[PDB]
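Just the one chain here, laid out as structure tokens, in the form solved without its partner chain.
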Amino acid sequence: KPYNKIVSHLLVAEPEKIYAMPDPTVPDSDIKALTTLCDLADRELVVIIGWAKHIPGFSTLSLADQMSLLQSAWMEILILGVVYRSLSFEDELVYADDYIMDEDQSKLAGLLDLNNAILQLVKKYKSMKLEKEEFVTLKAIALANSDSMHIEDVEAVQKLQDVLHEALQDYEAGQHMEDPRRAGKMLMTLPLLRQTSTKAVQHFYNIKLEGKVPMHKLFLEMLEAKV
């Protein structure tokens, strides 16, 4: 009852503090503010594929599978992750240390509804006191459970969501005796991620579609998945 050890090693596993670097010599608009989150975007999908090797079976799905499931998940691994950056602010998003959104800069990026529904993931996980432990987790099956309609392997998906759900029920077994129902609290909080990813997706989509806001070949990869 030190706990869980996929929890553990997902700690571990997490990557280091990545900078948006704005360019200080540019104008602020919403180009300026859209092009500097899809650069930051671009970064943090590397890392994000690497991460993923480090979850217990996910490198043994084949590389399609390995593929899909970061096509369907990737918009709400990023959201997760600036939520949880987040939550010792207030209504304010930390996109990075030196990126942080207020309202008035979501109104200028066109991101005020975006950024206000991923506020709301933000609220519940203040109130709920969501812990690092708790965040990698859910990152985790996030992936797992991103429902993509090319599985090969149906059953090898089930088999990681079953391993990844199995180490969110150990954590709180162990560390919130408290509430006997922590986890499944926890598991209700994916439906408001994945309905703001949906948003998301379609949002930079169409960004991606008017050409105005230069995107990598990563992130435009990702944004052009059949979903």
Second form
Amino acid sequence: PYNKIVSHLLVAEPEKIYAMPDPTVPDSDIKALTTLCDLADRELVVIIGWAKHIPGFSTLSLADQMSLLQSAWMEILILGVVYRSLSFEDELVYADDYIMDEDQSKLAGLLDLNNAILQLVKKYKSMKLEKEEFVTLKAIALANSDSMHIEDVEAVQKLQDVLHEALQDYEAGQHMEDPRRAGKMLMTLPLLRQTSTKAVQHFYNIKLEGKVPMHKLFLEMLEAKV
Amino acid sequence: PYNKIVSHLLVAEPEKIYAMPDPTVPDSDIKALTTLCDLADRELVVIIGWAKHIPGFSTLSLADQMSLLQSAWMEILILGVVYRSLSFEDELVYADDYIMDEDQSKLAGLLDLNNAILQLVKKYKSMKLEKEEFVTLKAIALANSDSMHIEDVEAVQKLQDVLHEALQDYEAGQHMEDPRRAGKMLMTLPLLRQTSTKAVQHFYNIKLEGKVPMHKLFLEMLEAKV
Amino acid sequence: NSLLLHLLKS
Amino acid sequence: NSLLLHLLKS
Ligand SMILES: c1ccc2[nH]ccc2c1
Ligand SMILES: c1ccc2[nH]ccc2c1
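The form deposited with its partner chain bound is what I want next, because the block you gave corresponds to the form solved without its partner chain; please supply it.
Next comes the full complex, and the chain you just saw is listed first.
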């Protein structure tokens, strides 16, 4: 066997979501951006439901649950795209029906952002990131998201500690060849933070330019004060 | 005793630098920003000299040494301000003669940035960050800075590994009460990355507005492609 | 009022 | 040419 938290997060994993780009709409930056924002709005619903499965999360105040999700949502979305892309080459699997190559990224105005996502992919391919490690890092990214609005600083530190312990226990059992592998996984979080913050800034600016329709939950998460 | 790399980084620590704001110049945002950029230009010189003391750094290509410093310089500057501020309350010790309170931050247009630096301070105060830990995290931040321009990806990973090992060895000896303390220290790097990237963006915009004089090395590091 | 809060209360 | 490169070559 292995670590129960890691096993629990694997069973909490949401189902795959299709992008369903509109086949009637001519290809354009607006179409690509609309498709991605619609897909993110849908994935946000299942992320909220997923977070409730994380031990201790639902015991925080609703304010602290909101703060963690408002800080971490884009890291959680990006880590999904990264994980889905590990068996691919220079391509991002937003969804099984929405795989973006460099041309599509350029056409959507996402070349710089998607190149940074591919830098995350490159590092996790070299580390041979496992699904167990991915789900544990998603939960650590939520807990460690550095909201400036936390009420119960100690409870959020205890949630970080619980999930860090789960990663370290997992690695101690599954990866005896590399006693520092848990710390190597923790050392990938700064690039995820950097890429997330760029993506939020990029989509905030698309929101201000007003040419790409966005649904209610996505707009709520974009407008959050961070 | 303890870890030799940690001991070596302590002896490599640069001397304190005074800000020396111009006592003839009326207080203003321009004065504050000029003083900070002049102080950063001077500290950049000693950071370059310091990095050469880190085992393996000088053995990288000059291109890779430049890439690591171009990605990490602002994290190294901020971690210094953070460390200097740990015994203070709601104040940032840029230098012994340049301690910024909330009013001064507002007057300089730095309230949001300095509040994020104070969030780094708050977390390291709770963790009781030691000088040994600070110098080791400065070196890890340099090695783990995620430049997109690295030539020798493997050599930079080995430098990360060497410095991570030094942190983990240090913690295993000095902090037996908390076997996960090294990972807690690694988990502080995302907020440093986030705060650094905001600071570079903020000072880049001051550079474009053209009202604050900046010296050659500081401008070189601000203009670097990241 | 917040959709995020509504979905956290389910 | 680069001041950073000059200082790394000292
Ligand atoms: C960035 C933007 C839109 C997205 N939709 C799904 C993941 C994701 C990341
Ligand atoms: C941000 C801006 C200017 C600075 N000078 C010294 C540290 C530092 C950080």
